[PDB]
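Here we start with a single chain on its own, the form deposited without the ligand, put down as structure tokens.
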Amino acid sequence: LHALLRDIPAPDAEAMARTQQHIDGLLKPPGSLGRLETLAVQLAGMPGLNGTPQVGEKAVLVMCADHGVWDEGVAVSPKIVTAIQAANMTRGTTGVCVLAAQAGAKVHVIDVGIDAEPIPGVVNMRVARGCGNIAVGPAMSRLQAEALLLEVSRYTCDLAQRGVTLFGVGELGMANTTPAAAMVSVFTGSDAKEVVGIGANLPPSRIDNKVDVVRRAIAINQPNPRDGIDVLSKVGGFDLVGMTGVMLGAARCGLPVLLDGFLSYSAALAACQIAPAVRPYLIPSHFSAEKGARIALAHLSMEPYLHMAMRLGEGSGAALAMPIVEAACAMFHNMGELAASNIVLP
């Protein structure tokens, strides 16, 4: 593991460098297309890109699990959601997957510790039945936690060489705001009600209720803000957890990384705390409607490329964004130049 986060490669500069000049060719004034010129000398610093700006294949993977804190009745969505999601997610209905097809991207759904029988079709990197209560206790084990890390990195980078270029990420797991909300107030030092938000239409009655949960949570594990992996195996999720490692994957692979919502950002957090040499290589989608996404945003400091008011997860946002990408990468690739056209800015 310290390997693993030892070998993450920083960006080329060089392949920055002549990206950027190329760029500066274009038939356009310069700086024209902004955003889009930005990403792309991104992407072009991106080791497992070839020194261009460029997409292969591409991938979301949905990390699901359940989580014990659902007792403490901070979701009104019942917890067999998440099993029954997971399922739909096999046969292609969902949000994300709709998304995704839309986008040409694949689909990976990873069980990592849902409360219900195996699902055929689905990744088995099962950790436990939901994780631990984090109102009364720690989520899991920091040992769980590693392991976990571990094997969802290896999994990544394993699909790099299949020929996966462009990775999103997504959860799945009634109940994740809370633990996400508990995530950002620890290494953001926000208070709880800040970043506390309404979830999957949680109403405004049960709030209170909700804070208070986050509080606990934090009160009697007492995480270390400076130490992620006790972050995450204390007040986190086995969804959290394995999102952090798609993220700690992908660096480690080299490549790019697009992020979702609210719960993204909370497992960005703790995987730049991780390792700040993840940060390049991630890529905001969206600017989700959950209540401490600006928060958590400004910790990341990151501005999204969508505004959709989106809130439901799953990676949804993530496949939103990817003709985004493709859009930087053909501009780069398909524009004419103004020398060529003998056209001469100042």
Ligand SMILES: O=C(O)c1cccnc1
Given for the second form:
Number of protein chains: 2
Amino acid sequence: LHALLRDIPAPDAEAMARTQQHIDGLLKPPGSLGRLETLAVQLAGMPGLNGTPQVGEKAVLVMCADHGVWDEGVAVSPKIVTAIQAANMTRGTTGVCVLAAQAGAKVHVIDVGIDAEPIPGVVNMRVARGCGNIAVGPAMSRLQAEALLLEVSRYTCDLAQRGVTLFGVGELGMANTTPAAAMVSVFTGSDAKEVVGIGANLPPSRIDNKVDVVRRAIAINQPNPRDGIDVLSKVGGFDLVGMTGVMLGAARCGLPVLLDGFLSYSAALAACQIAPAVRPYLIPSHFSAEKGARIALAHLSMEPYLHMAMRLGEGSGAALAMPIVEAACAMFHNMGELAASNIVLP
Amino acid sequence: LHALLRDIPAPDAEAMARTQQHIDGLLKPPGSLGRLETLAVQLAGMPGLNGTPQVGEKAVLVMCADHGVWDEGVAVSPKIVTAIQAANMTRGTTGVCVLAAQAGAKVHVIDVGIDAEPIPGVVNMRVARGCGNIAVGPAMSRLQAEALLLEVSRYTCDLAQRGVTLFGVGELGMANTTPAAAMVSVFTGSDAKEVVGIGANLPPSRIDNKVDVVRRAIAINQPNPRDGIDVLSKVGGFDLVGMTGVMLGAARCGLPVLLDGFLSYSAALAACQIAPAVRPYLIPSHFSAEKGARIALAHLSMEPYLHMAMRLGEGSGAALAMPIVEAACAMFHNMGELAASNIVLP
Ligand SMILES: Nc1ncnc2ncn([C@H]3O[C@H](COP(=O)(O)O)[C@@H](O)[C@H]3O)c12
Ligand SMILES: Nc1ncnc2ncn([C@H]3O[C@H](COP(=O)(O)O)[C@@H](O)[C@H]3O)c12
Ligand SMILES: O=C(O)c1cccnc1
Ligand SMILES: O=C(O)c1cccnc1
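Could I have the structure of this protein in the form deposited with the ligand bound, to go alongside the form deposited without the ligand above?
Full assembly next; the chain just shown is listed first.
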């Protein structure tokens, strides 16, 4: 793991310089395509991409797990929904599935700790049958977290060997917005009330309790904000850990990762804490309608492209943004050149 | 024309009600897909769509024209760029072309008043060789405007007969951001300085002049804000007129139109002024980096989905948003049902 971290490549400034010059020469007023230009340059700097903005195969990794904190009354979805939806992922009927198909991306469902019998068709990396209840103790051990980080990162880089050049990250786990808020509070130093949202339709009246639970998890565990692994293990979850692992794996592989919503932001905070080198590989997708989104995003210094008021999770936002990534590539490779037309623009 | 306007259909509330109920039953927490749900419902209410969110063929209409106001020093692109780029549109090398291809949409280039010899391959609807210089008089006559509105609206609805279900609107015309700002100022009652932007890289030092020119156009012409046709003819342009005509045509046809950037917002303001019935058919795409964008958008009560800092025009933003429209459809038609899984969510 120390290996893995040490070995994350820095971006290729040379390729980036070349990209910028090429972009500037395209059939348009310089800088007119704004964030699409910036995206293209970012992509060009990713080693796994071969010095140019390009997209080969696309995969969306969905990390599923249950959480002990569900027992705290913080979630209105029945616990079993994780297992059910997990199965549905295999049938292509979920929101992420449908959006992925539309983007031409494959969905990989990974069980990192669902509290149910194994589900045929789902990738098995189960840590346990749900994580510990953070309100009264840690979600898991440091060991467990590190091992999952390792296993997921490996699985991720291995897909690269099969043609995947672009990843999307997602989750599925009833009550997971609670550990997410805890993480965000810890990393950003924001008070719980400012970051705790309604999750999956939590009734407004149940908010207070959710805020109390978050506070308790923190007081009780005393996670160290300067130690991302510390935080994840204590007040995170297996799913959260898994998402952070996708991030670490893609970065080590020198490939881009599209973030999703609130849960993904929390994992991203951890990833960057653990390895700042990860940062340049991440790509925001959309702006989650979850209350703590703005805070989380500010801390990652990220500005999402899509404003859809989405709050489903599963990596749905991630899939929705893939076409954008492809557009920056098409722009780069298929547009004509100013010089070729004899056009001269300031 | 009075006919045309009279005959724009209202949205089908029945279909919309049915859509909403179907959406609520999908495999997800109610309302979790936010703006994608709202979009789907909007689409369902469009008569030309057959009671359901669906997308058949896609077309992007690019209205090209020159403006007399170019002589006022308000644009740094050489006048000839309109004609050149217009030709390029036919070769598929422009930004809109590339983005359309990626969205699977066809680009239709229409010459409504380029100041050059006709361009083979381009649809010919030329009013004149460039419009009058608004700084010293009107862009054209009311007659001319009405006729173009008519011709474009017809051409638009006719495409519907060929399978097109979704339109994108765009333009090409050196100096066109000037008439655009004038229109915006007039419709919104905002002062010119607040709405005049850099257009295609206008040097910061040249701004003042642009603001003066806009003010003059207004003082000189005295356009009536309560008469959209009045405004377009006086301080608009052939391209602006043409975009408004796409809007009127799509609406009469009961079909959706995706807006583009700043120029498109100006045309949209006119369209809604002329016929409020048009409103429900319009769909924002992105949030233009042009200074007057926020003001224009506020007046249309619209919130774009995409934040790309784009400012190219041509209908580039429009094409970029098409996949989003398709995603709302896929969601609607391909997602599984809660009931089918036995899942019950508050
Ligand atoms: N709840 C859900 N039900 C059905 N399908 C879902 N897909 C995602 N979620 C979402 O709800 C969970 C977080 O919400 P909370 O903290 O309030 O429990 C996660 O599974 C998130 O993916 C779903
Ligand atoms: N300028 C352009 N050059 C080359 N390709 C272009 N495609 C769009 N535009 C853009 O620039 C024009 C408006 O900018 P202004 O008011 O400053 O002249 C329009 O043609 C707009 O489409 C282009
Ligand atoms: O922002 C998200 O991804 C989200 C918000 C609520 C519930 N599930 C996911
Ligand atoms: O917002 C736009 O569409 C735009 C802005 C500047 C120049 N051309 C187009």
